[PDB]
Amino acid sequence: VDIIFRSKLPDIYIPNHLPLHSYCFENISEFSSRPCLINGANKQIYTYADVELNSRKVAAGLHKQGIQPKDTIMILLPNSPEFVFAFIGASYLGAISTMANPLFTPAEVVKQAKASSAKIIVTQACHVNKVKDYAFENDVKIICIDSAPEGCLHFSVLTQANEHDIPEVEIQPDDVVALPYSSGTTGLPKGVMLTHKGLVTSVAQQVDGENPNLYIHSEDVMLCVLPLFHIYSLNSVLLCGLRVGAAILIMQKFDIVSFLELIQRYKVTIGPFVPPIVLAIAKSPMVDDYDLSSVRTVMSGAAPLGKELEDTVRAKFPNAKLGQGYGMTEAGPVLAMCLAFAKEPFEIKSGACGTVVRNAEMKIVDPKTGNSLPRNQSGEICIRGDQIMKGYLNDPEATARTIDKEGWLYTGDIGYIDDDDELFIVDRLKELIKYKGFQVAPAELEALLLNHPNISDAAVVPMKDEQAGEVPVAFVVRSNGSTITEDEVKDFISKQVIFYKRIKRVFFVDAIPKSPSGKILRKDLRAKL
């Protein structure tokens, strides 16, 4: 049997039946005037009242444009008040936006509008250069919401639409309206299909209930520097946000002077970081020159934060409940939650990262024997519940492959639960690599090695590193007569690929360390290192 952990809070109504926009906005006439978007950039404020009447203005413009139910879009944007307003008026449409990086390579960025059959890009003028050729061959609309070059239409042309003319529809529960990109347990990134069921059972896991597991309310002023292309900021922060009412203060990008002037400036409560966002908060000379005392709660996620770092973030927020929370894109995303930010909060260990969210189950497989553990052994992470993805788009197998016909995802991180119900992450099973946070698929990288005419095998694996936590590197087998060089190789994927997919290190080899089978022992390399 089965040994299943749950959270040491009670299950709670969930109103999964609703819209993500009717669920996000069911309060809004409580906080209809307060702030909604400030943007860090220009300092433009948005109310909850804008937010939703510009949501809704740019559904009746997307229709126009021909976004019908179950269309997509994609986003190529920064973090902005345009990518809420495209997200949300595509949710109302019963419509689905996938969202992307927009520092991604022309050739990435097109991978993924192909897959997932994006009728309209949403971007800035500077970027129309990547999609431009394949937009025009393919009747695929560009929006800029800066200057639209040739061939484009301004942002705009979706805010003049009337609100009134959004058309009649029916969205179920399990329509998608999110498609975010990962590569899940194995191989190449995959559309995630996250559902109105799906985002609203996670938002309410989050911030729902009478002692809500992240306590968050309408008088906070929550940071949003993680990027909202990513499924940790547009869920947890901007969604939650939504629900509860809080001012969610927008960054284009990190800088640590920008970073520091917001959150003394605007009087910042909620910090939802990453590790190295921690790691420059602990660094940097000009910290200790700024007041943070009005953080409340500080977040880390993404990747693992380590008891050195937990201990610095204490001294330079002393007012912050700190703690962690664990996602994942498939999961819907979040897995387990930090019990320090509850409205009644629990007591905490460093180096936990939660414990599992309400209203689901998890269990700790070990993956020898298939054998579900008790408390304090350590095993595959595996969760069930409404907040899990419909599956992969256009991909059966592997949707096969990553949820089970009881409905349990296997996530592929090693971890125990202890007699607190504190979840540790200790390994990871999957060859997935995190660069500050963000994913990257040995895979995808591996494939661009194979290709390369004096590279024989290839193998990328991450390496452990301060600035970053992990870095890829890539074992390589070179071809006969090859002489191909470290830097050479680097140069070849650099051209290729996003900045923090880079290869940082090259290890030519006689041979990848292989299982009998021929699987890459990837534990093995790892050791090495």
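Positions refer to the first chain, counted from 1. First, how it differs from the form deposited in another entry.
Rigid-part assignment between these two forms: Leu448 and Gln324 are grouped in different parts by superposition fit.
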The other form holds:
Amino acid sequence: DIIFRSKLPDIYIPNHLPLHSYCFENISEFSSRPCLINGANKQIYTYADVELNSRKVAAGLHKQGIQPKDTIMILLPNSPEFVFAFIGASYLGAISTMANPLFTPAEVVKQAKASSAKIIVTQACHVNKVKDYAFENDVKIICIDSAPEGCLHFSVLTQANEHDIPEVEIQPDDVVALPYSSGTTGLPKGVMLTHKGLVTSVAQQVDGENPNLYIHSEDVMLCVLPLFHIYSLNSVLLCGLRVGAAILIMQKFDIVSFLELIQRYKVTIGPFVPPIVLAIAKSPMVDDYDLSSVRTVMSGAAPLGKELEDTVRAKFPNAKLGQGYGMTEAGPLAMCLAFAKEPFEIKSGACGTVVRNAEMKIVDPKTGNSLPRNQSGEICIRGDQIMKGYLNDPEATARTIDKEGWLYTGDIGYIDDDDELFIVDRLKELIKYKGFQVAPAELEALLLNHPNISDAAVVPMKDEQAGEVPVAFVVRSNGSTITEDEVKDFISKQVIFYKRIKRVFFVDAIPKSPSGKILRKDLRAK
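Right, and the form deposited in another entry of this protein, after the form deposited in one PDB entry?
What follows is just the one chain, with no partners and no other molecules.
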């Protein structure tokens, strides 16, 4: 096995600590400081307020019948209540499964069932999605805003007394978070993330003498990324709490709101995804705003090419900018070392250096051999931060994490001479044209370079005599009349022949997950 490790040294990680105990370990150093800020209504909770409310929610959840290893479902947009419920369940040795509140009724009930959730925490507007299932199956509904009939109100939880939390012995391998993901192979799976696992991931990012991601108690981190997904939950909320930073909560990305809040609150840490990066590059109004407070700009969760990366870099010239790479199954696998307290130099388009306290290898899919530097293969990772497994699915677990503890990602990439990882694309997303592999993300990146294209996606199309050809879905810049042949030519002049785009279909919007991924499967259906 050829093994890769971080340019940083391994550190001591106290992963015997419950998640809440770890995140609030240093709370007395910053108990008075801002912890959570509600962007919508201006409200501020201090660190003390947040530990207090979480303790109370714990006592209230117990009084509602939550025991250790029981499951609650959080069905909420980003909010203080998401956080209180999440940590609240943690105090009980219980589990939060979190879900996109914009799921259809059928998706909600499916997750509620597969997780065995005993309580759903949500908004009044989403009650109709779950009411009938919940009432027929002894599942309580708690709403944060108003309580429809048959429902309870969140304040029922915060009424409970802070020192009424039952005695509990939480084990390191006890589950605390159950996000669902379709990422690797198949239908939605319950990803069992443990106290030990999450404490490990957080530490890998923000602890140590030279942390991989330097953040401190005077920082203000923007929380626009969805907390129901691992990137925000882990890198924004849990990392933010650990270091005592202020966390500014936005319920929905809007380019105007986004810029105003960065300016108004003097945001210093900007955790973004490629769709937000792109809006920043393509938006004419970014110049009208003082964004000089931002010192760290991050992108993760989907492919981002070096050119778009370079473009936005110039719009935050006194900020360190770069990418991290992660999975529901693992939290971040690699993280940009330009974010380090004593920074390292980086290249644009890289997705970071493998985190410390971990091992990475690159495996040839054809042979199963580990590869040297500068060669493409399947990324594998081994460390205490990876999931315990898929909920009720040992066989999918055994298929994804081998007996030596290697997690096979399904992502193709290579590590270079400077220990920086580059992702090419998901193994299965590669287009086979004749006998060449074409990576959709390479061509999406060139498309986004065009001044008259605001958004794009590339997927294979069935071709009678080719098998598959690359096609593009494109969103024209406001006003632009750019044609299919102009887009095809624009691409054709830059690439070797097998990478050519065969058709361009023009649309109003590219379908994207809230985590910032192109919904490639919806386009294939179209």
